[PDB]
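Please model the complete structure; the sequences and the hints are all you need to start from.
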Amino acid sequence: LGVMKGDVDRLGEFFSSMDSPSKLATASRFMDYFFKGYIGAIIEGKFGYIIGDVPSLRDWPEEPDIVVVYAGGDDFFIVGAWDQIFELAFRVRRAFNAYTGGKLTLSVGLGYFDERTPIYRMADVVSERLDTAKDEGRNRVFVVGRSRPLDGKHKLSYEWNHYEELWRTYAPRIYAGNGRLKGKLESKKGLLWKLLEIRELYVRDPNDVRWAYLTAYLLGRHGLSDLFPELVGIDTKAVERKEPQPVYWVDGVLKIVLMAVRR
Amino acid sequence: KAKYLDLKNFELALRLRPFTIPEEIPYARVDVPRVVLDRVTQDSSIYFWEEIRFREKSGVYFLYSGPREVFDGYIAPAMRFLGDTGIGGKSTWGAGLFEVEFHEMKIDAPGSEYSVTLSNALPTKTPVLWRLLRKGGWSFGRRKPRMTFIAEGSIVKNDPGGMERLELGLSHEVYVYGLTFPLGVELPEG
Amino acid sequence: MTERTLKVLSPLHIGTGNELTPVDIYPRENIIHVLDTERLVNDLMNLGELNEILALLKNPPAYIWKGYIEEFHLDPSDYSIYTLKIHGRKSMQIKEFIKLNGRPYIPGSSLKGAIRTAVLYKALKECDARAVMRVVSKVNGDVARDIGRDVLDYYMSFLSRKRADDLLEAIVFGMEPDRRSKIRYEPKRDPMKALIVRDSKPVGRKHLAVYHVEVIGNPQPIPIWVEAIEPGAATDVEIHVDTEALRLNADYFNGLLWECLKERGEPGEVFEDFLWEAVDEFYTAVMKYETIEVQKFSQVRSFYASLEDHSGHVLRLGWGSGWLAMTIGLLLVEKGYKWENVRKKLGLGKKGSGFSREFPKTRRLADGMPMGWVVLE
Amino acid sequence: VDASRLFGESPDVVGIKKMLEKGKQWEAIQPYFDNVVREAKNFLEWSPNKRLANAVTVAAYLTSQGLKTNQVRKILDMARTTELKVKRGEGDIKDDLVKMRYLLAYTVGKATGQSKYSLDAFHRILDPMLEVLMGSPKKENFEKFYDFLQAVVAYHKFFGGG
Amino acid sequence: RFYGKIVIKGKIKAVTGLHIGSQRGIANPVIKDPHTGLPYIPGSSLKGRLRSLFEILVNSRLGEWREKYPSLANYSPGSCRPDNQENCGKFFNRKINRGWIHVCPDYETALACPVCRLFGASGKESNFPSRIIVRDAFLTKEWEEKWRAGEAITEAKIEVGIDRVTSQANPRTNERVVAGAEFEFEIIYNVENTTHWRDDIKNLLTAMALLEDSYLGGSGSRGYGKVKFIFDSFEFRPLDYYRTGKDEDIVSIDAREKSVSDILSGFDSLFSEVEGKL
Amino acid sequence: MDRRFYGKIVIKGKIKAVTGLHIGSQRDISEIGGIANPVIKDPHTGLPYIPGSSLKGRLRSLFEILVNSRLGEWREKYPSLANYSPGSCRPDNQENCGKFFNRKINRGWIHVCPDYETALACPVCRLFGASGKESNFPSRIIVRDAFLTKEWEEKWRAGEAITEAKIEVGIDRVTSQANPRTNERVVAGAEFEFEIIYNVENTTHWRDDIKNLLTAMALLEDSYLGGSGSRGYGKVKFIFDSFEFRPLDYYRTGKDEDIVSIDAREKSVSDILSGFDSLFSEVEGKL
RNA sequence: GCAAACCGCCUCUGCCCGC
RNA sequence: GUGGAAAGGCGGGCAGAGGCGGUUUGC
Ligand SMILES: [Zn+2]
Ligand SMILES: [Zn+2]
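Residue numbers (PDB author numbering), protein chains in the order written: chain A, 515 to 777; chain E, 98 to 287; chain F, 1 to 48, 50 to 62, 65 to 91, 95 to 133, 135 to 156, 159 to 169, 175 to 311, 316 to 369, 372 to 397; chain B, 23 to 43, 45 to 185; chain C, 4 to 27, 34 to 287; chain D, 1 to 287.
Hints in this document: simulated from the structure, not taken from any laboratory.
Worth double-checking, as some hints may not be accurate.
Straight-line Cα separation of at most 30 Å, DSBU-like style, residue types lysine-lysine; simulated pairs [stated by the list, open to error]:
1. B:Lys-97 - F:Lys-105
2. C:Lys-16 - B:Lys-108
3. D:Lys-150 - B:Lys-162
4. D:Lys-99 - C:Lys-14
5. D:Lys-150 - C:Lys-267
6. F:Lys-69 - B:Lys-139
7. D:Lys-14 - C:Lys-16
8. E:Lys-100 - C:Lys-267
9. D:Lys-99 - D:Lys-77
10. A:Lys-703 - D:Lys-99
11. F:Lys-105 - B:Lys-162
12. E:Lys-98 - A:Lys-617
13. F:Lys-176 - B:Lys-133
14. B:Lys-40 - F:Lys-59
15. B:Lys-133 - A:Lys-669
16. B:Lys-108 - C:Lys-237
17. D:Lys-155 - F:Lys-220
18. A:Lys-648 - E:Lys-100
19. A:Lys-669 - A:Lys-560
20. F:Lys-207 - D:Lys-104
21. C:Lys-16 - B:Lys-162
22. F:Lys-176 - F:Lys-128
23. D:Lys-14 - B:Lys-162
24. F:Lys-202 - D:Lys-166
25. C:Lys-133 - A:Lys-667
26. D:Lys-41 - F:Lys-207
27. E:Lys-187 - C:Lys-237
28. F:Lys-207 - D:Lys-286
29. C:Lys-133 - E:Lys-241
30. B:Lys-133 - F:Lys-368
Below is the structure:
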């Protein structure tokens with residue numbers, strides 16, 4: 515069961531900019547109308563020129579299985595199918611990017627839960643996954659729960675344009691649409707689960723370089739030297755810029771596809 | 098949004114100084130699933146259970162002011178009994194167990210007319226700035242009534258607190274702790 | 001039956017893909033010896050280094068690199084085979103036999119792959136009028152096998175590492191549903207998954223000897239040294255068909271072999287009797303075919323005329339069985355030009373193409389004996 | 023071109039795999056890096072990515088030759104068993120490193136033909152490290168050896184050999 | 004009334020791969042400490058397996074134990090599963106959600122049942138608390154150091170499902186703890202009554218002796234259990250220990266003894282001072 | 001309904017790999033240079049072993065096919081086999097009907113009874129157990145993992161090969177072109193110490209559950225274990241040490257009160273053979 | 001006088017049901 | 001005089017089907 519919980523970021527500074535009561539009464543209706551009327555027409559599949567290409571597991575249904583529990587004026591707590599809660603968070607973000615002039619942001623926590631979980635626990639988890647995305651950059655999404663070292667250099671949440679660019683590179687080569695993989699990777703999930711175990715060696719010690727050639731051997735003996743040509747060679751510029759390796763951010767793209775598959 | 102502070106940053110917030118919040122909470126609230134297995138057919142029935150899982154060096158502690166003859170007569174022999182039974186929760190699954198050490202804490206606090214409560218309050222008079230806590234526990238299988246406490250860190254003025262004794266249909270009277278633990282604090286104009 | 005013992009009538013080499021370098025060997029006599037480098041090298045230290054790691058990597062003028072142990076030492080050998088021929095000037099690479107503890111046995115994967123060639127030959131003889140009804144079910148390509156007209162007359166023009179037998183094994187053993195090609199093999203649909211052969215008991219050291227295989231078919235013959243089981247060794251092997259595995263699969267097998275068993279009676283009952291009638295019709299037919307060519311050595319024909327009046331089931335194994343005995347192409351002799359364009363398509367001679377001796381030119385026989393004959397019963 | 027592609031740490035993992043799928048450019052620039060590997064005679068010469076840098080330059084120069092992994096498996100499985108002894112079983116590999124030197128010496132004493140150079144360059148590299156490993160500890164300074172020898176074989180599958 | 008706390012320390016030896024799942034990158038993960046990532050054996054998977062083995066032990070001996078333990082006279086061997094009525098005549102009398110457990114319905118009956126006196130009962134107007142505390146078993150210092158030395162502590166094992174006719178293979182993976190591991194357990198019995206504690210220790214050792222021939226969690230029937238109790242020390246912790254704090258507890262010495270060299274091999278011998286001080 | 005406990009018939013011994021055994025794994029576990037298709041291995045000691053899953057399932061595979069041969073001959077002795085007809089649910093993709101192989105696991109049909117009391121009268125699913133919705137009958141045998149025996153531990157220390165590499169080549173018949181691969185296998189003659197624990201629940205039918213477990217053992221020495229046994233790799237031989245009984249009074253006392261049957265020189269076809277009742281007569285004197 | 005060439009894996013399966 | 005008391009994440013599931021270490025011809 516997929517749960518998203520989002521709100522507009524640095525909104526109190528926006529309404530403090532209004533200097534007259536007619537100007538406040540305009541900015542507080544237009545922000546109210548996005549989470550009251552126009553969030554319905556996003557779930558209704560409209561506005562395709564404005565939204566565009568978003569990370570979708572399955573293609574967009576005529577009737578989405580989405581139950582909007584709350585949507586207040588900045589805050590929204592929406593539950594639904596975990597494949598369509600995932601896509602809608604990128605579909606709400608892009609429309610809110612263009613309903614404004616690109617000046618106000620969102621932040622979304624995302625959880626994936628058992629059915630038979632108490633709902634006060636699904637709120638208290640996603641409220642923590644929202645606040646983890648909120649004290650980091652306030653234009654960034656929490657996608658999936660993820661392991662990372664406690665060195666303070668790694669952060670669990672993706673920025674919006676970062677994850678949506680990680681999806682346009684890594685998903686059209688391993689994923690075909692509607693819960694199936696591509697050619698030459700059918701019946702090869704054992705590549706992908708062990709690929710996350712090589713990602714766990716980055717988690718246990720990021721200074722150890724043992725993950726670099728184990729990726730090259732495991733992609734090598736399967737003949738898949740074309741897939742993932744940057745998980746084999748270490749990025750020296752990332753060690754220069756003090757940003758994580760590309761083996762670290764591939765978890766949010768693989769683990770969604772491994773959940774999309776029967777697994 | 099911050100809930101706790103360091104031993105050093107607490108002494109700054111008592112003086113209305115600039116302070117910083119800690120980066121890391123020493124525990125987590127995980128949800129371990131258990132199961133109830135049938136004795137003949139091994140049928141499963143999952144329920145969920147939440148916990149508090151501490152880190153490698155982390156733990157929990159409380160503070161004691163009082164005469165030393167009451168401490169090593171009552172508080173100190175009681176905490177070693179409680180090292181082998183629990184503090185709340187499923188003590189039969191090994192939850193509330195610990196090892197006890199005794200140390201010394203010293204807090205720099207400004208002398209004032211007001212004070213913060215480092216425990217639950219159950220005040221006599223109405224406090225200054227507070228935060229409601231509403232809980233009532235259990236006593237020998239008897240369900241205690243919910244009592245409006247005050248959460249920790251709330252501000253009182255010249256308040257001692259006071260325990261309420263309850264009946265609950267037992268043989269002995271049940272006292273419920275609501276004494277305050279006053280440390281001096283500096284306030285603005287309300 | 002169980003434990004159907006065999007005997008050995010010609011030299012028999014089951015390879016392991018390994019040769020003995022001359023640093024492993026020092027023949028003191030007409031007998032040869034396999035020295036133990038791991039023990040001998042670690043035993044020649046007490047008298048002392051880095052000279053052994055330098056000289057063995059150098060490989061100078065073999066003889067002296069194995070006779071230098073004779074100075075102040077002797078007697079470090081493992082198996083000590085016999086040469087049994089007028090050769091060995096070391097300059098040789100003895101190909102070794104498959105051994106489980108230094109003891110020669112016959113692997114069961116090698117005796118099953120010889121029965122599978124005999125069984126494939128029987129299926130293509132009897133099964135073009137019935138070969139269309141097999142691929143009439145979920146293949147839709149039998150019309151190409153009907154318009155060509159006995160699926161062999163199509164397969165010579167159908168082709169016109176190497177996956178040449180991919181369609182022909184998919185017709186006689188396993189019809190699949192569909193592929194990018196017409197049909198393919200399915201291992202789950204096979205009568206030969208009920209054929210259980212097991213590794214034999216180990217033969218013995220006394221029956222193992224080195225040989226000197228001369229290649230005949232060119233004016234300059236080449237020798238190859240190899241070790242093989244001497245003729246006259248008899249071990250025991252157990253072969254049985256699990257009839258219970260055929261009763262469960264009476265509806266799931268889809269092949270021409272299954273359409274050779276439903277005509278001798280109950281198809282889960284005559285498969286073991288069909289099995290040996292396929293053996294004595296592939297291997298007796300390749301036995302008679304080699305009496306035509308007389309390019310060998316005389317005495318070779320006196321071996322083939324003596325292979326008759328010999329009880330039991332005669333079949334090839336091993337390494338000296340030529341292209342005629344590992345391959346359907348005994349049946350592809352009667353085509354001629356239908357196989358002549360395809361044999362150059364597949365290719366053969368190297369270092372263009374062999375014109376008149378394309379397939380059968382090489383004969384590998386050890387000491388004037390055509391090697392690789394084992395007779396079950 | 024090839025020397026600029028073959029940079030310091032991970033110059034072109036994606037780039038050298040395309041160029042190795045060549046003749047004159049890699050017969051010289053990788054020869055300098057093979058000589059750079061032999062000039063680093065100490066096995067503990069690289070606490071950084073330079074073990075991962077040498078082994079890419081090694082396995083690019085060996086992929087230009089044949090280097091059948093099947094020929095080397097007697098050494099490669101022997102390196103597996105000696106590392107298995109380090110897990111509280113044994114602590115002296117000197118009685119068996121000589122065997123592993125001998126199995127390295129027996130392999131080049133067998134490998135004759137077009138595949139001499141595929142084993143001559145392989146002979147050139149591991150033996151100055153096996154010179155160091157004779158008089159060395161085996162939990163440390165052999166840890167850095169066996170991880171180097173894995174990365175040689177590992178990138179050799181990525182560059183397209185075996 | 005409180006008299007002391009018999010404390011049972013030792014080790015759990017996973018002779019075969021032990022799997023205690025969680026169902027949340035391996036497809037079926039054993040549970041783990043979230044801060045270290047190390048596996049552990051819970052105190053609740055150990056206790057419900059000591060109890061499920063011991064309740065079937067009592068279920069076979071209802072008639073033979075009517076006069077050593079009362080309130081086994083109100084139970085008939087069997088479950089109350091067909092007739093959906095709790096606290097009926099049969100033994101496994103309480104339905105929780107879909108499973109039937111022997112839990113005695115009152116305090117006045119759980120003081121006589123051998124299961125519920127040792128393991129506890131819920132009841133209505135009863136709440137009989139248990140007398141044992143089973144801690145979470147964590148890896149021994151020697152096995153946390155192998156985690157530091159870069160080893161694998163949890164393997165991943167692949168099984169397969171095969172058709173009985175066409176041999177279609179259908180595999181899945183199961184993470185399980187590497188065989189040979191050493192855990193550290195702890196069981197603290199609470200001496201409430203001073204008369205029937207020998208029967209509560211000798212029943213707890215019987216539950217452990219059945220656990221060394223059954224399995225602990227997981228697949229088990231396909232060989233994922235095979236546990237072994239390695240005792241270190243039994244300590245008494247008297248009532249005089251908790252008041253004055255001076256270290257005069259009574260310590261048994263059993264460095265290398267089994268669960269069956271401890272039940273009667275030394276039971277008159279090892280508990281000689283504990284049965285004297287009471 | 002009515003689960004009881006009387007004891008645990010324990011069947012120890014050794015497994016002799018008369019022909020070389022291959023229980024395959026997958027690789028890629030931080031392993032670089034090795035034989036393709038490796039035997040599974042104990043990660044702590046390094047040595048190969050036989051899983052209890054590979055042995056409990058292989059005995060189930062041979063015994064379910066033995067019962068499918070006779071669905072008119074066992075039904076006079078066991079009820080609920082009259083619910084089943086010989087066949088499979090492969091020609092009709094429906095789970096529970098008259099066909100004897102009824103559970104689609106993922107794609108493969110395996111005889112598992114869907115209910116408790118249907119499986120309580122089934123000769124297969126009372127010995128090997130069953131899953132179901134609301135019934136879930138559990139098993140009565142547990143088969144543990146079989147590591148190398150203590151003397152073959154010592155041969156690994158001495159340097160003797162505990163594995164080997166057999167190369168098998170597949171040859172296309174038309175072009176005679178080899179397609180070589182190398183298969184690791186345990187050396188023939190190796191020996192693994194095994195463990196089968198039967199859990200005695202109903203004293204009315206426990207003769208049969210040992211006579212059916214010893215039937216599937218004798219079917220396994222006729223069949224193969226693991227591997228590619230149609231090409232040689234099977235040929236398991238069971239060497240018993242000792243049947244033991246472990247009564248209920250053992251686990252309460254601690255005294256060695258177990259009834260120890262001795263077949264230290266007997267065979268799996270010799271235990272089922274005349275003498276079954278000569279060897280288990282003191283178990284019946286205890287029950 | 002003795003070899004030197006190529007082939008070194010191929011193709012089907014991959015968590016269900018039950019709270 | 002303890003938001004407590006009772007509660008196994010497990011029941012069933014062969015890493016399996018097919019496969020001659022082979023053939024060719026010269027430098
Ligand atoms: Zn009870
Ligand atoms: Zn059944």
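Holds or violated: are the alpha carbons of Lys-133 (chain C) and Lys-667 (chain A) at most 30 Å from each other?
Not satisfied, since the Cα-Cα distance of roughly 54 Å exceeds 30 Å.
Agreement of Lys-14 (chain D) and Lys-16 (chain C) with the hint, judged by alpha carbon distance not exceeding 30 Å
The given pair, whose Cα atoms are some 23 Å apart, holds under the 30 Å limit.
Does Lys-267 (chain C) sit within 30 Å of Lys-150 (chain D), going by the straight-line distance between their CA atoms?
holds, 21 Å
Given the hint that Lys-14 (chain D) pairs with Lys-162 (chain B), does the C-alpha gap stay at or below 30 Å?
violated, 36 Å
Restraint status (C-alpha distance of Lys-648 (chain A) to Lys-100 (chain E) at most 30 Å):
holds, 17 Å
Quickly compare the C-alpha distance for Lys-98 (chain E) and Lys-617 (chain A) to 30 Å and report which way the hint goes.
holds, 25 Å
Starting from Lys-150 (chain D), check that the Cα of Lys-162 (chain B) is at most 30 Å away, please.
holds, 27 Å
Is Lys-105 (chain F) within 30 Å of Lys-162 (chain B), Cα to Cα?
Violated, at roughly 36 Å.
Is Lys-133 (chain C) within 30 Å of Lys-241 (chain E), Cα to Cα?
holds, 17 Å
Please work out if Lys-97 (chain B) and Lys-105 (chain F) have their alpha carbons no farther apart than 30 Å.
holds, 17 Å
Straight-line Cα separation of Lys-133 (chain B) and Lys-368 (chain F) no greater than 30 Å?
holds, 25 Å
Quickly compare the C-alpha distance for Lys-176 (chain F) and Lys-133 (chain B) to 30 Å and report which way the hint goes.
holds, 29 Å
Hints 4, 8, 10, 11, 14, 15, 19, 23, 25 and 28 from the earlier list are contradicted by this structure; the remaining hints agree with it.
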